[PDB]
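Chemist: Read off the chains here:
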Amino acid sequence: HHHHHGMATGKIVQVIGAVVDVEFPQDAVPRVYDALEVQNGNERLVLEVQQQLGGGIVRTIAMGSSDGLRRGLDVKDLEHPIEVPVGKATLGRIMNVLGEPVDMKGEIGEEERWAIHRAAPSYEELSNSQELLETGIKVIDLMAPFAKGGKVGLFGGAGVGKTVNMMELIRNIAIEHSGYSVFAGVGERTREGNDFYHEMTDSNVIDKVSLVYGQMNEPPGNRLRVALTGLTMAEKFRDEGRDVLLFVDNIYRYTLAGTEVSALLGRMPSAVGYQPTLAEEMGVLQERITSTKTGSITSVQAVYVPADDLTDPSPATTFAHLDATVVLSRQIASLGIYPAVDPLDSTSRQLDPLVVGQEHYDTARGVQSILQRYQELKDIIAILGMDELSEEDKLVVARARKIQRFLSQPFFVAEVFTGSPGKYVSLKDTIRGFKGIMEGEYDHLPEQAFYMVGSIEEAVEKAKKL
Amino acid sequence: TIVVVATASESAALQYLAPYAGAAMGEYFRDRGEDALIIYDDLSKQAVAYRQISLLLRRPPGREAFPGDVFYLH
Amino acid sequence: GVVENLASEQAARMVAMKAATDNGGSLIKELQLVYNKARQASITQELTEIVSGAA
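Chains as they are written, first to last, in the working numbering: chain A, 1 to 466; chain B, 1001 to 1074; chain C, 2001 to 2055.
One or more of the hints may lead you astray.
[Unchecked claim] Label-pair distances were calculated between CB atoms; the ranges are:
#	chain 1	residue 1	chain 2	residue 2	range
1	A	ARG113	C	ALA2054	57 to 65 Å
2	A	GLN448	C	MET2017	34 to 42 Å
3	C	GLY2024	B	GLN1052	49 to 57 Å
4	C	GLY2024	A	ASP345	39 to 47 Å
5	C	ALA2055	A	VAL19	19 to 27 Å
[Unchecked claim] Below, a list of computed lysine to any residue pairs in the SDA-like style, where the Cα atoms sit at most 20 Å apart:
#	chain 1	residue 1	chain 2	residue 2
6	A	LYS208	A	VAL305
7	C	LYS2018	A	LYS236
8	A	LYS378	C	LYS2018
9	C	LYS2037	A	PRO306
10	A	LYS162	A	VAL305
11	A	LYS148	A	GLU125
12	A	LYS462	A	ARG399
13	C	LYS2037	A	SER314
14	C	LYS2037	A	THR135
15	C	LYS2018	A	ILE380
16	A	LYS428	A	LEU133
17	C	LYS2029	A	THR135
18	C	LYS2018	A	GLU376
19	A	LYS423	A	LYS462
20	C	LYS2029	A	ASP308
21	A	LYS148	A	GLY161
22	A	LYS148	A	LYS236
23	C	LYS2037	A	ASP429
24	C	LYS2018	A	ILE381
25	C	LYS2037	A	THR311
26	A	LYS162	A	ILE337
27	C	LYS2037	A	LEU384
Since the hints were derived computationally from the structure, they do not count as laboratory data.
Idealized CB from N, CA, C, for every residue including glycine.
Turn these sequences into a full structure, and let the hints steer you where they fit.
Modeler: If you want it as structure tokens, here you go:
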């Protein structure tokens, strides 16, 4: 994928495997991102030269395949390195792995055509204050203070799903803050694209998100090259006035393709079955999603660890490269609640300490101490009996059950899918209601009438009107 | 009784070839109609004696840089 | 008054076995967490391949 200017180069030499050892020019080699569009077979299969060598036979690696080529395929010289087509007009259809499309026509909105290799981390003109963000929820923003343009990690199992995060985040974050939230995908299934995409017809996000997934039918270089579309396409909207927000799928494609491709090329690397390029890609790619002066660059860090491997680079890179990591177990969703994200082990460093204010410190200390001190009064005391239940068991059980079952406010995910409203929860109701009325004051709200209420604002009228 | 004395700073032919050399001095009582015994003590300090003479000549065979004396010499 | 011996012995053995079963022997299960690092030692088994398989 480069701008060819001249179409010369030369012939080839060896073509065994994926090692593109074509003898192009003598003393006129290109750059690293400047690929040579060789005419192998019928299509123009380009190969990215990872390491140039003298004579002409350079160590190049192609994405797909040559579709049956001979030993002397003609190559072509290029000028502009990594010349793909992207821009801020990609929010309308599904994207591919080379700047084209995967759904309809139009190459995922053809607009600009600049360099595909965007800048990683920078300062000077970038925002170094690192401001906080607000998603507009009582169990996401009031329990975890996320930063504006950060790579917040994710953990846990099921419960929420992609429909709750995409449907709830495609309407509340899109209207509450100016910006285009895109997505990605490397290492998915071939059938999920025929079902999950249908969700785009149930929340109206296809016109505001660029689905760039590579599935898994290709190899490592043809499916793991989705980093140029997100960084090259997300930089056009975050550096213009809006705020880009990407979303990754997993780390099996980058870890397996990077470790297998970097370790299976005849060179030694890291230990424990890892490669030496994990610190450069994880450190350079993890620090690139930062706040700037023209817009915050946010990215959903949805990396998958290797079954809690502390000796490999998944726990060190995922736990040391990201910021807050929220976990969602089956206990919060098995009882019949809205939000499946529990309040335990789901906070940042500036959300429960003394680096915020009296609202976050009093709400985090009161909710954390009330939840941790009240979680043992209903589980460990059930094996004996309820005869020794005083004011702490009734007040902690009623306040913990009513606050835990009533704090899950519904967003805009069920407003155009199920029929339940709720709009968005504010920080004043969840921060000024869960620290006073959820401990030992106004004990008039039950368990059935307090459900489906927006933070603590809608729960006040439900105790006397229902 | 006789005993082949060998120090730790001796040659590798004695410890690495103790069985091929001990038969000439111990076969006089076994192959002549009499009783004999071979007390093969300190085997780990002898079977590995052929290791240093194998890894230095760029030749790998056994585990942890060893030769082929586990299935041929035994 | 003989019911306090059987009730105190059975209640003390049940409360001591239920309370000590989650803090005593169950603490040995914490040692299994160290086994999570033992798999890393298996990676050392590949290092010998560098002197044989990988050469």
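Chemist: Take a quick look at whether A:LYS378 and C:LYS2018 sit within 20 Å of each other, Cα to Cα.
Modeler: holds (17 Å)
Chemist: Quick one, are A:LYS148 and A:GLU125 close enough, alpha carbons at most 20 Å?
Modeler: holds (16 Å)
Chemist: Is the hinted pair C:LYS2018 and A:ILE381 satisfied, with a Cα-Cα distance of at most 20 Å?
Modeler: holds (13 Å)
Chemist: Check the hint pairing C:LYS2029 with A:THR135 against an upper bound of 20 Å on the C-alpha distance.
Modeler: violated (40 Å)
Chemist: Is the Cα-Cα distance between C:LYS2018 and A:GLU376 20 Å or less?
Modeler: Holds, because 16 Å separates the two Cα atoms, which is no more than 20 Å.
Chemist: Given the hinted pair A:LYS428 and A:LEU133, is their alpha-carbon gap at most 20 Å?
Modeler: With a Cα-Cα distance of about 15 Å, the restraint between A:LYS428 and A:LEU133 holds, given a limit of 20 Å.
Chemist: Is C:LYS2037 close enough to A:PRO306, meaning Cα to Cα at most 20 Å?
Modeler: holds (13 Å)
Chemist: Are the Cα atoms of C:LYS2037 and A:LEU384 separated by 20 Å or less?
Modeler: It is violated: about 38 Å lies between the C-alpha atoms, which goes past 20 Å.
Chemist: Given the proposed pairing of A:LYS208 with A:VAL305, does the C-alpha separation stay at or below 20 Å?
Modeler: Cα-Cα ~30 Å, so violated.
Chemist: Need the status of pair C:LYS2018, A:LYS236: alpha-carbon distance at most 20 Å?
Modeler: Between C:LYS2018 and A:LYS236 the Cα gap is close to 62 Å, so the pair fails against 20 Å, i.e. violated.
Chemist: Does the structure keep C:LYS2018 and A:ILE380 at a Cα separation of 20 Å or less?
Modeler: Judged against 20 Å, a Cα distance of about 11 Å means the pair holds.
Chemist: Starting from the range 34 to 42 Å, see whether the pair A:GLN448 and C:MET2017 falls in it by beta-carbon distance.
Modeler: Since the Cβ atoms of A:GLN448 and C:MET2017 sit about 40 Å apart, the hinted range of 34 to 42 Å holds.
Violated hints for the displayed structure, listed by number in ascending order: 1, 4, 6, 7, 14, 17, 21, 23 and 27.
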